[PDB]
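Chemist: Construct the complete structure from the given sequences, taking the supplied hints into account.
Here is what each chain is made of, one letter per residue.
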Amino acid sequence: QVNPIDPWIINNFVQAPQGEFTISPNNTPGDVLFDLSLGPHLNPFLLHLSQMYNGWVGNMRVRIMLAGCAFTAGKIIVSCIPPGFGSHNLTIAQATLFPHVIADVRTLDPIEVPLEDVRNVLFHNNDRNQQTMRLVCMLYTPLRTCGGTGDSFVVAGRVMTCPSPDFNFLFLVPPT
Amino acid sequence: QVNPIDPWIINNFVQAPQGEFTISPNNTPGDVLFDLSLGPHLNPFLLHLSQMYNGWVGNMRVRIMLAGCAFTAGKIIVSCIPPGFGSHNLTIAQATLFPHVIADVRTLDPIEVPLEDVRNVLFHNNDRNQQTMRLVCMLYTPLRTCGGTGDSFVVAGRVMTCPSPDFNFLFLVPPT
Amino acid sequence: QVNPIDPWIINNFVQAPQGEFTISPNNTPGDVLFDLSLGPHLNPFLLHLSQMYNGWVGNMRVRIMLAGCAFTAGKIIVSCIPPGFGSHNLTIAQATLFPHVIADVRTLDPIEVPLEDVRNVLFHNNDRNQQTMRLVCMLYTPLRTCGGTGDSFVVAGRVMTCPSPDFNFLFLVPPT
Amino acid sequence: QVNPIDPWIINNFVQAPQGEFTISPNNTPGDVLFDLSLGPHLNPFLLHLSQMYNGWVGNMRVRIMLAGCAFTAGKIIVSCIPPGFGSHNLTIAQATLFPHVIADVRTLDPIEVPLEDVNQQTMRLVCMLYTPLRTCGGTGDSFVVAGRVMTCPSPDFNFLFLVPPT
Amino acid sequence: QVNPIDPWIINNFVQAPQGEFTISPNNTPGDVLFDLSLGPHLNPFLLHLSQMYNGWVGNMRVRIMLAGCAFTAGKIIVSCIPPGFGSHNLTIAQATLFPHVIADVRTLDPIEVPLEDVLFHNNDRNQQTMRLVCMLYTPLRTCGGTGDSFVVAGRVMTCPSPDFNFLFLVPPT
Numbered sequence: 048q049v050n051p052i053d054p055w056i057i058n059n060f061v062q063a064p065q066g067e068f069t070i071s072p073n074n075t076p077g078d079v080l081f082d083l084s085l086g087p088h089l090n091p092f093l094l095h096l097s098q099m100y101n102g103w104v105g106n107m108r109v110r111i112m113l114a115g116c117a118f119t120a121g122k123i124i125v126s127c128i129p130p131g132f133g134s135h136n137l138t139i140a141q142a143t144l145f146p147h148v149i150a151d152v153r154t155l156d157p158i159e160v161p162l163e164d165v166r167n168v169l170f171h172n173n174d175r176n177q178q179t180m181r182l183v184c185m186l187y188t189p190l191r192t193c194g195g196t197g198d199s200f201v202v203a204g205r206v207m208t209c210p211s212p213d214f215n216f217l218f219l220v221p222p223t
Numbered sequence: 048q049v050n051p052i053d054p055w056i057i058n059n060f061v062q063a064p065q066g067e068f069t070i071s072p073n074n075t076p077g078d079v080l081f082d083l084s085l086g087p088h089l090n091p092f093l094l095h096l097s098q099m100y101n102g103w104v105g106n107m108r109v110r111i112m113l114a115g116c117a118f119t120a121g122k123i124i125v126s127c128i129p130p131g132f133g134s135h136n137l138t139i140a141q142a143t144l145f146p147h148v149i150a151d152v153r154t155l156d157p158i159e160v161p162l163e164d165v166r167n168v169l170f171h172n173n174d175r176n177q178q179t180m181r182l183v184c185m186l187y188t189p190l191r192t193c194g195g196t197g198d199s200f201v202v203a204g205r206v207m208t209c210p211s212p213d214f215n216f217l218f219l220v221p222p223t
Numbered sequence: 048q049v050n051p052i053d054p055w056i057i058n059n060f061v062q063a064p065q066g067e068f069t070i071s072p073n074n075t076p077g078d079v080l081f082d083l084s085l086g087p088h089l090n091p092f093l094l095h096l097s098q099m100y101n102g103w104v105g106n107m108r109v110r111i112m113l114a115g116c117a118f119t120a121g122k123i124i125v126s127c128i129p130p131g132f133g134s135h136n137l138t139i140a141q142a143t144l145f146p147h148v149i150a151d152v153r154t155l156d157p158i159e160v161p162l163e164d165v166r167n168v169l170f171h172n173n174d175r176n177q178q179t180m181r182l183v184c185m186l187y188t189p190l191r192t193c194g195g196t197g198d199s200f201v202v203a204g205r206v207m208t209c210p211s212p213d214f215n216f217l218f219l220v221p222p223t
Numbered sequence: 048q049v050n051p052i053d054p055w056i057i058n059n060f061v062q063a064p065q066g067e068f069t070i071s072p073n074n075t076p077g078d079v080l081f082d083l084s085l086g087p088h089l090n091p092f093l094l095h096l097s098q099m100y101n102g103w104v105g106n107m108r109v110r111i112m113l114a115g116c117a118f119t120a121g122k123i124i125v126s127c128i129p130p131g132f133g134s135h136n137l138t139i140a141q142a143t144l145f146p147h148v149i150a151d152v153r154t155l156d157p158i159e160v161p162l163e164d165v176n177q178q179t180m181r182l183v184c185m186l187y188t189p190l191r192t193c194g195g196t197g198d199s200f201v202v203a204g205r206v207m208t209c210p211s212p213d214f215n216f217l218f219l220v221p222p223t
Numbered sequence: 048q049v050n051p052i053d054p055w056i057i058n059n060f061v062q063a064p065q066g067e068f069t070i071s072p073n074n075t076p077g078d079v080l081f082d083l084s085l086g087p088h089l090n091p092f093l094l095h096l097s098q099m100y101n102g103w104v105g106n107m108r109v110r111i112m113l114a115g116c117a118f119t120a121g122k123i124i125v126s127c128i129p130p131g132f133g134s135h136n137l138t139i140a141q142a143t144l145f146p147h148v149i150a151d152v153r154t155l156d157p158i159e160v161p162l163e164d165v169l170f171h172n173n174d175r176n177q178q179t180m181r182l183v184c185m186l187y188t189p190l191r192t193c194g195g196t197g198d199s200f201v202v203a204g205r206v207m208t209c210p211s212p213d214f215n216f217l218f219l220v221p222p223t
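Chains as they are written, first to last, in full-length UniProt numbering: chain E, 48 to 223; chain Z, 48 to 223; chain C, 48 to 223; chain G, 48 to 165, 176 to 223; chain P, 48 to 165, 169 to 223.
Quick caveat, the hints were computed from the structure, so don't treat them as lab data. Among these hints, one or two may not hold up.
So, partial list: chain G residues that the calculated Cβ filter (under 10 Å) puts toward chain P [to be verified]:
{"id": "1", "residue": "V49"}
{"id": "2", "residue": "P51"}
{"id": "3", "residue": "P54"}
{"id": "4", "residue": "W55"}
{"id": "5", "residue": "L155"}
{"id": "6", "residue": "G195"}
{"id": "7", "residue": "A203"}
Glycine residues also receive a C-beta, built at the ideal position from the N, C-alpha and C atoms.
Modeler: In structure tokens form, the structure reads like this:
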């Protein structure tokens, strides 16, 4: 068994670039906040390291934080839609059918998506979009300020990620 | 033993169609918010599958979320009234006598009804209303905004459901 | 084995001098709130005692409290940057890469930084800045009052510290 | 404790950048033509680690290949001088004091430079033209001897500290 | 189950078409000599057998013969390019990162390139296949009587491996 991933990395979560999303009171329910394709490029670590290899296996945990104050109430649905289903047919009711975790903007704790569907990972080359299991978040419930004159408020949100302990790389490639 | 239900389904909760209910400050206490008859048709899954069969046995867990912000205080009573008792005689005090769970609109966590009364399920054909153990929710306590000028606020609520591990189907029928 | 540190000290946390920092709504995200170099001088205890010795080994736990009321939402990043990386290149995204713990201003509980990286401590003389593993805190998320007319509010914060059970002193020196 | 570097590097060699040196006939004896700092940056893969990681411990095994017609006569002197002593004022004789090996430009088998078993001011390594190169019957001054170097890390290399990529 | 190809082909080697490459002293190091993609088309016998079998499995042993006298001094490096990485700007410095074999122009006996052991592949143009390419590692310099142009000629031939076999039968097209 070969594991070139530092044990510290798997035990810590690091913010992913382009993982910053904002929720506004004018966002209609069901609107797509952020649609980031799960992959090693999310973590700043394993992006530099991934240049060594081309094929990778396993999953990667993702957790999201909502920096939302009280007086604003709403729910955000996070669904890991399998590839190919992304189209206008997607709706709030249908989103929950895929694996998901319900989150409240008022929560003061990180939310962890249950992306444990290893389903016997086959292969993932870093040159194709095939089987890029995407993550999409939508405003499950309309956002209201409860008459707190806080219309000019945006619920800032950030997403971190850490590699799974089963993560590994197969083939070596020279750095580009 | 035959269990044609995916183990993932029983381990996950999915929103039920027509399971969206709203609570308004003008709702008098004891008003019926939603009265949905428990059955396989609640879950989007087991509705397509139920077309195969006609008779089903077992119970199905139901949990409700209240997307309510602070500054509004109230309580909602959920009672699984046995069939035949639905009439004007029903009142807030009498509702709690049946199995129930008390919920607070300010709660930030899902509420699970204790619908564990298997009581040796007899049979349930999908052509009759007999023994359709209904679920009714009422405003246990009057809703007040605590002078937060949030009168134009509605506590959005959604209900999910998952099949019980004991759920099963008896007889096969061709799809319609 | 010689341990001249009182067992009570390691089991209790004491406020550190100059460990008071304030967060204002005008603080732009990424601004450095406080940058205190970890060392025995943080704790009022072990400062008088450190006069006896010159070299010390081990780490020291640090926890921070945020005396912040509701209606204000924000996140503060605490990163123990290794020495030599302090410069303009530091940014919010890069800060999380080092060991860190995410904190919410609304939290009502002390936050403990995971400064468990003993990494086989080598030596630390009390006359040089070498390997003075610093602690830096930055406003991870912009601070907003949610229209609560609380602009004239500052989130007071204090930091305590206790010596680790592995803390020890090597060489004796006369008091100065 | 863990070994981030893949074992494939341990059992195989790879050329290093700036390791191109040609023993031109118009070169005075003792002239410097191949100077390396003996650091992790030599191996292309190891250079990649230094971008991410900070602390490195261990040693490599430097291997040198020479292209020889089996006719031209010449020798190269390799001496891994300790850090600090190295400077411009370093005659060929002085380098002979430190550990060294003598190689012939006509040697088919590459020479394995001996390195003592073991960061800043690291141990250095320099090479000079011990003996001038002559065709000896080639009647041509355009001929040159190509030289390539590849460093393979020893099976004890590892890192200590963690740093964001830069 | 039953290997169709006769054992005679296995015991010998066949020159693949367009397997001829030329090395000249005036050719500076940095220009590729020949690009090869492993497949049944390399062996003419296997090329005609593709009609009877759409799917082929196994590997092929590839050997290279280089002709030259004892005066020349040069080295030839054979580099393995993983699929999907080939680029126009393929210099020699990074060409040795992949597994390779060291060879010289003064060799007499043929040198066998080490091929990694290894899934059924259809007859379509599936780019996923082990690619082979050689690069002029060092310049070819003559140490004799100033040869104006001593063209070093080499030939590449491959034969089916013992494990090579066809699994799916398809009538000839």
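Chemist: Which earlier hints can't be squared with this structure?
Modeler: 1, 2 and 3
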